[PDB]
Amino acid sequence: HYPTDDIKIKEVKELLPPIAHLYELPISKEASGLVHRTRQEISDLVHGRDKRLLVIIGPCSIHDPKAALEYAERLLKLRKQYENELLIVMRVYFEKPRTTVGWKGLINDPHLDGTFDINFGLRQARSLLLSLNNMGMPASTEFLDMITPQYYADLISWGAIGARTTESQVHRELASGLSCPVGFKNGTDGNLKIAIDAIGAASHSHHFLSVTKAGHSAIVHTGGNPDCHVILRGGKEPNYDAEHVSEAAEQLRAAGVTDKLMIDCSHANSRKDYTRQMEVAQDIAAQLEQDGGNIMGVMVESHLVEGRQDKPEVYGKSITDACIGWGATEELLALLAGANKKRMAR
């Protein structure tokens, strides 16, 4: 026969199934309680029942777990300190999607050297998330595929579907069966309709393909996710100001979905310049003081150290998108806490 199968495949390696990771790193009672509780709390924010600000804040991507747990220990103090004004949740993204050839994230390539030790990667990803939850810091992440969630979704209190996948039917179907609340980002060029469309789609029951905990191909029948919302992350032009929030909210009401939204201070809203995250946060603060009824959260890309680097030389310094440092982070959260205390008190 002429060959027709796997013509462009170098290798297919079997993967340790989720149950193997679950046996080594079973979720503890206290992590279980933190996740259940934070999921519910976030849901209240999504549907306008509590007026705290959800703050998803942390590195662009995790490239070292030691630095991440160190970051978490500082953030934990602010989480407790601002607990009446803000619901702080740590951003634990293992990979930034990239068009150009480059590092594929911590799950994919934990040794940062192109050896793609994914079993170790997933094991590390789960270990980190259990430790964070065990210390009192809830975690959030981006789900890029339909398989990785079986390894650690049980430890995630909030999920994101990125700008590049919000329109994708299979990612919407995934979101409809995710145990956590989910935010959908507007398209890379500013299209908001696709995120509005996605919350619609994700609240309904769907079927997609994936694997069981034991690692076998299966059909997943989901119940719908009622806790979805939009994230404004800019486009050609930023979309974070009051007028864009207003238009967005009107559109969400017309589609019959939640008009409470998140604003990303990073990415195309900061123009890929980390020193502008603070500008976006200040405008949001202004919005919260005047009115700001439709804002329920913000996203901030933050690290121990500011900026970015191509190689992982410097500890707690991003190797993907540039972040603000810890000093600026304390400044940003004091401000948001300050502004939302006034909103909550009106």
Given for the second form:
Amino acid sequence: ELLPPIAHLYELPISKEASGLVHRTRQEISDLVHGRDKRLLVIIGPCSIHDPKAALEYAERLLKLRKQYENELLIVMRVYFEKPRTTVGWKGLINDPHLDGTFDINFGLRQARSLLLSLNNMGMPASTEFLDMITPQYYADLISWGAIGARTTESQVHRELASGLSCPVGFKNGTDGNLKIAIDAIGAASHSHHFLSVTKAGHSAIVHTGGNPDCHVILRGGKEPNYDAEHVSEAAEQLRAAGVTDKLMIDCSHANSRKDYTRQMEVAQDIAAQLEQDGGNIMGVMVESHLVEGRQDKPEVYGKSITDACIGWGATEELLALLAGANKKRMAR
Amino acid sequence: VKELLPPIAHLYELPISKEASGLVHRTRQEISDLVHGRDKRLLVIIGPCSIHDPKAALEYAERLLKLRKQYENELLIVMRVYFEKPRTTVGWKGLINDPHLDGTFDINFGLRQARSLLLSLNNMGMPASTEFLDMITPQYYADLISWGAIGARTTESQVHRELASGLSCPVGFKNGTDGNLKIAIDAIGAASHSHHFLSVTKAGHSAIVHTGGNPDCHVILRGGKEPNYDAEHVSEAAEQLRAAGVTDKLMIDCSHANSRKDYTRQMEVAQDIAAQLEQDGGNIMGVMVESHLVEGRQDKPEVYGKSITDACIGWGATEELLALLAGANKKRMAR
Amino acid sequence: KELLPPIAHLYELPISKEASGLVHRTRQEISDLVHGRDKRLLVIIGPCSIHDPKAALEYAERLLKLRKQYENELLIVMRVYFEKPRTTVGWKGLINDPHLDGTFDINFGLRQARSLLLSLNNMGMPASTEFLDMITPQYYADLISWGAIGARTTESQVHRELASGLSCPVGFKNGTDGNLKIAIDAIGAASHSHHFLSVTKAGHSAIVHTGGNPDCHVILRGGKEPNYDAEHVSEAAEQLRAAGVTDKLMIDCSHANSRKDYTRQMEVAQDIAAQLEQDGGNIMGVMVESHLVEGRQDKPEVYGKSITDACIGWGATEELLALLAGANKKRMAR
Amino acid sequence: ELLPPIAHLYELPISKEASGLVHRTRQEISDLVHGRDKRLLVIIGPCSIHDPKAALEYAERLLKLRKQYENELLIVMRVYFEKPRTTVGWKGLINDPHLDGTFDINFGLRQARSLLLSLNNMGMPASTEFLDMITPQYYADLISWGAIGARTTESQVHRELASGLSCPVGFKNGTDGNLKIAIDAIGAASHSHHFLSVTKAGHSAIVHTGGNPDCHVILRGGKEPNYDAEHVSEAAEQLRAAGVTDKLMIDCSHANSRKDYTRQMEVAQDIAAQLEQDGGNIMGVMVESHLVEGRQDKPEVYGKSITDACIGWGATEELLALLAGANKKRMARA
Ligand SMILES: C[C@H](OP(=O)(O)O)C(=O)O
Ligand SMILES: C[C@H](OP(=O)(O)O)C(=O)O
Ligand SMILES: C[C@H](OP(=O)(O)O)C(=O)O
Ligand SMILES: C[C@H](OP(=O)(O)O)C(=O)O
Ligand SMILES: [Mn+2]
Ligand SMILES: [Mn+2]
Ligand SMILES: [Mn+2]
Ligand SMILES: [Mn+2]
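The structure above corresponds to the form deposited without L-phospholactate; please give the structure of the form deposited with L-phospholactate bound next.
Everything in the complex follows now, all chains and molecules, and the chain you saw is the first one.
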């Protein structure tokens, strides 16, 4: 029997501190999306959260780099709770918290909220992919930035959802490299919509959204990678042609790394080079990172991904120093 | 946030009848048989791109009904009764979302009107098909639907695969808007399995549902960068379907990216399909045709029985096309 | 079983401009009687219980002409009782068992009740009922111009709570053995704001915060002995004033005041008429159990005849209203 | 914005131990009601719970007597969360937990469940008055015995509620002494009913109850006390005449004590004397007891009632020893 959002909000109300961090971080990101600040947003963390203990440890380490680079980078943790599978598979912590096919969703949602509250309370803002239609009411108030995945960008119900989120939202290009669907998606999500959704009390209702002003595109690769300068420039021209923001984000992972975690660094280096030469259209990057590098099918090793392979903590330090140094130069112009 | 009546309210005013229930049951089975190769009739999903007027749709049904009966040994005719439309950016999302066509978004009326029409259609002997786009609306009218599509833009979406996994009707997954067929094959795999996810009950309250899987899914070739209707394309698709361990019987959409911005090309496509059915065409179990009383399209709903969404062929062309397919499939069935 | 929420019935049967206006008006007009601003006599009259809408519509049609005829002396409002409190067990009314066969088709019952109430208000006839259940009122309350809380539930806090949140005037009946203080206590209670659990138009439980009902009053319905007469009214008015609440009250001609003998309602009416002639300043209303055809029956075989408490018939009803109208015309002249 | 029962059941699931205690205690009480065991049920504790700390402390002390006297008495704590007022007033911990007019009902219901779980976990079963229609779904699973109050015994919605409780239920005679309404009530509650109620998920629904076979009456005084032998005998005769159990419970407090806390001991002494002589129709008693005696308007003194005045802990030890000694003799005859 599903507990409604209000049950979880009662046990874990948002705090003054978390509320302020979310509010502030959303604004700060808005400023990047609309070209009012030239810091580089960095969405970085695990492909998926499967352990909260490890995620809290990861956050603790990342928090120090968030503070150290705060003049060059705006660091936000990937705290992904919902995973889109190619066919079937584990859909994430909310759907299957115990990782055993028991689908204890009430526990999952509790655990997700708790972790998010803790993260915000320690000073680390959170980001996630919004995949399910009904789960967001549980934890959305604790999210500073949202992704709509490559597999759902073209979907109208996801564009509808985005249109009503209070956080900035990144739409990824399609799994074969279609960028126009993400540009279309900003157009869609920036408008007001009417559709069916569920309330904080667990009942279905008609909602009227005001539109999300702060959407942007994410280059995640397709058949071929789309990260490089030619690709960014091409994208920016298409964005301007559609009358939407020409500031975009580049995913170092996934189709841009050809599903090879050791290539995220190459992509980061290419981005760094663009930031040095010009790179005026770049406002963010995305990196799949964890305590320990690689991936594993069963959750045997602590702080190691059970979804997409991540770079480890050492490589993570390198990468952030690389980007911070490069962006400091861009901001000096 | 505005008041929404739960499904049970609409089920109370418009309960399914013995007859509609039996037609739905029977038609789902009949389609299952096509999907799994037990019957060589050709499913034909045919009707408007979208329903915007119930009067016209009832009239269209009246005429189509006679052909459904006339061709029942060769074709299994089912009407397109599409209530939910996926836009490229923004636009009118269909009768449920905006029944009045004026931006009033009177969804309670929409859902009532949709159920009423569907009940009337089934009652007169015409089965109905629609695209399932929204997650929460299906509980309102799903019991009146004999076949469902998941659109090109949502086939890759996991929530749509989940929804499909719990529908009691056969379901067609369309290839992607640029021609990706693997996403539809992946989608059958997904939807055929059991899933656990959040959904809303007949009473309007969110809940965890545990679906049993949908064994009757299949692929639809709707074009992409290049059309995928012809024999080479069908054969390539059947090989990929067999490789994935799912049914190699598929459906071909004559409309959309296969007709490539001419409604009248649907006839060319139908002719090509007819030729395949004559030569061999063993992998084809269905086709899809965008048809209305009057041909073409219009931005405003000024002309009766003319589409306000994608352009359709008219009634005359519709008669030609069905006779063509019937004649051709009679031959395939004789071998 | 799957209960439809109030909004489902409100969608099919929205209140009309006309019904809405009649309800609003009639509640005000009654308020005026309760607080002594108008000397017309409220008359709550109709069947003990509604078991057939056809008959009730026919009854209303006839009563409507007397309501118009006597509108300067009487304010006539129909008893349209959907919920019945049993001594032990029994048929609890149309909402609970509409088919009268123990099928308990409550969704139908509530639909039928609302439909009837809408039709009644639409034709010009205001409606009254006893509010017994906690959750049913959300379905039809908007169509009710006056409400009773029964003798068996007046002392109950959940009924006082419910009353506190009704937008219509409410009569509290004295207890089944004649206790009047519980009804006076009940006005105190219901006049204040309350917080308690209730169900929304959407069918979900919720905390409600009521504003209080300023239009409550007492009803004398008999006990071990009848309490209708002048000595009893005077005694009651003194107790009401002592508690700081309205000393205008209503007298039930039926039930314990008639000693469960329908032919005595007329005696009681005559005694009330005499009081209205002599003085009767504390009386603002009466209650009469009336139908098309007099008496009662266990099974619903005869049309327009009660299956609950025995009622007077249409002829006697015409007599009684003329009696009260004539008597009250005199009181108003003073 | 009201949380549904499932939210509280998720945070505070019933334990194996509490579940077993409830199950067992309900059976043991059933046995008393139907004359299969001659122990004396004792419902004892505060008039109302306003502080959980004090209630847990009270329980701790009572638990030792429950164990000491377990062969003669079956002791169960009064843990009353809902209070019926004469007019207006504080309605109990659930309605206003903070005691300040903030009506924080979500907190109240949480606190009530938590306290009840703790009580059952330590070995102390709980009893309460069921007043509200929607609150029971929150805490009912933790209750071993239920009362329907003097003010609501005649009410059909309370008889309906009772008909679906899994615990034995005592119906009190009316505030002026009417016993027949309680006998009628057992008749009613023992039958199946159909009515509207709210689910564990917080949505309204139609419920079909199976009937409660374990109801009995409670003598709690009226205009005059009804505790004595003549009154018991007279009640038993009426009970037998109605075909329901002639084993009853006697409240030492309220009308019987004449609203005087000191008086309860007298009543207990009279009951003890009946148990010695014969007292075959008595299965239970009710006592209003707390740490400290008397009452107070504001919650200034710890463990002292803010509702009806209670006897203190000392007097409580005296009373239980009195009843235990007396009932040991009754049980020896057999
Ligand atoms: C899988 C997902 O990215 P996508 O494949 O949607 O680009 C993710 O962010 O890990
Ligand atoms: C729009 C939809 O088709 P799709 O573009 O998903 O093939 C339809 O059938 O009208
Ligand atoms: C039963 C009820 O009267 P009461 O007994 O509450 O005075 C009625 O008016 O039918
Ligand atoms: C007040 C209530 O009992 P009653 O007055 O119903 O006998 C109680 O037990 O506190
Ligand atoms: Mn990933
Ligand atoms: Mn179309
Ligand atoms: Mn009556
Ligand atoms: Mn008390």
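Here, rigid core means the biggest group of C-alpha atoms that superpose within 1.5 Å across both forms. Residues that one form lacks are left out of the comparison. Numbering follows the first chain given and starts at 1.
For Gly105, the Cα shift between these two forms is 1.0 Å when the rigid core is held fixed in the overlay. Superposed on the rigid core, the forms differ at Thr222: its CA is offset by 0.1 Å between these two forms. Core-superposed comparison between these two forms: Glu95 shows a Cα shift of 2.9 Å. Taking residues common to both forms and aligning the rigid core, Cα displacements of 2 Å or more over three or more consecutive positions between these two forms occur only in 99-102.
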